[PDB]
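One chain comes next, on its own, written as structure tokens: the form solved without the ligand.
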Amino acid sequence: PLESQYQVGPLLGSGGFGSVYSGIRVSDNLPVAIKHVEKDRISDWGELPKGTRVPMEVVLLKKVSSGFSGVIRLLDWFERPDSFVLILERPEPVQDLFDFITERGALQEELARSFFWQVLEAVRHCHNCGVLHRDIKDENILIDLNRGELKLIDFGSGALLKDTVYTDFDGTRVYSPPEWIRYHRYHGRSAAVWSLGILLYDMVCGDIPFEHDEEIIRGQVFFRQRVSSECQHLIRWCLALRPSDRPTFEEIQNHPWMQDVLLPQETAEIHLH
């Protein structure tokens, strides 16, 4: 009974992730998000440790579920005759990075550093839990505006992290690496770093760098805003055409542009309040 434990509210959004309603947990007035996904639209299924057949998205959320606030926490799930319903946490007030960048344009480098750093911590957390997100982008990042903390959301394109090649992909094309566009092959970590270069460019320029396939494959980066040379170097490093020539998470977090990050609370007080 989801209807007794949770009180449903206004539709927050809908798309390739399903239909997400705002809601609240009656047991303690906690702001939740209620996500419905139709079974027939689910194309990837997995198994819980219990051995039961759920959508892959449920599997991945449980694997990454923890108190670490960098990744969205699945609080419960329910199976219905034609759909699954996921109860997720909902920060309040909240704004996703896409809307945030739309409203403000290109971000100051101090703020993009802090945001980018938190995204990297969140992605490292997923990989360390065996989860590959495969759809890192502004739309899938929530900003907890009180605390200055970012949250990675929507694992419905993800997969178990593996070391062998991936030959399928259902994420966002404009964030996908050149080896996927040309060969329909990629490896998890190098693909993720490519999409992080895309995201970081988006943060510091206010739009994504590539739109068409030919642009992704060419990989020429033009900066349309004033961006420091170290930040340009990190971005060009992440968007290297050869996957192996891309920097590891350790190399990104040790990069000179990534030094002296603001704490989340500092971030909120300086740039969000």
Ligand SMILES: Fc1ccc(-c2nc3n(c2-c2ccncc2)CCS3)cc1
Given for the second form:
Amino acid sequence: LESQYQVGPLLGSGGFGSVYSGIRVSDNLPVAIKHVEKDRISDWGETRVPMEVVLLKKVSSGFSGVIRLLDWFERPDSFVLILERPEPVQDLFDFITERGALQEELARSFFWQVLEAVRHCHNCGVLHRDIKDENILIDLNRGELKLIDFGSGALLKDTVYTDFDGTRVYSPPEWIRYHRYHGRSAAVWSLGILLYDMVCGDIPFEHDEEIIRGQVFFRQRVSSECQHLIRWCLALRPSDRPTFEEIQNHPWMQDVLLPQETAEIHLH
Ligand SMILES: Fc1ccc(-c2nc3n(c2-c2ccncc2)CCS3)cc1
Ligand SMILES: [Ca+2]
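Okay, that one was the form solved without the ligand. Can I see the form solved in complex with the ligand too?
What follows is the entire complex, opening with the chain shown before.
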């Protein structure tokens, strides 16, 4: 590990562990090196590994809008994950904080890419469970978005989930009320929160009561088409929420820019 990778500065730390910038020695490939202590691991899978490793392996085959796991290591008291690192890069949270509410053309491109990435995970049998601005990286040169942090994820199933350790303000009312949710419909809710965040520059709900009330107020000028899509994704009844197909077939989602085109217009 220490022979294969050259460690750089700390990028961040938190519930996910500690992430360092790094370089692969063999070919100077930019990487991210994530350390997590074993006793801080709550979810295990299978060799006994963090569920995160299991999930990442399932989604890291081939190209995608997901940050890929290149390798991993077990230490006596920790696991070390080697992940892709775009450069230059900025997470969506920082980007929005910096630039404010996004133009709908830009939000369309970003949201479309997030949808394709989430579809990839689900098709690979993986549920992310923590879709939000902080867990989305922007390749600033290519205009490509990449999903990160499967640490709260789970294998995708059609039965009910009774556990959740993702972000509460992105969590659906059925979780708040009943501690029960289904994967896809819960994902769609979080995507509704995300889309609002893109076009308004902030999330629509802070309190549990606002979430379960489900009333959406717009603080920025947002097109009626976009408002409709957001409110559809944020339907109180899970079964009233759109499928991924319905979201991507929505009138607001038409004529999306290519990632490179998005970068040239909005990022370069
Ligand atoms: F180029 C990169 C920048 C951030 C990451 C990254 N990948 C993960 N986390 C972070 C991250 C790093 C720093 N601050 C916040 C999140 C958390 C769990 S998985 C990877 C590559
Ligand atoms: Ca947010």
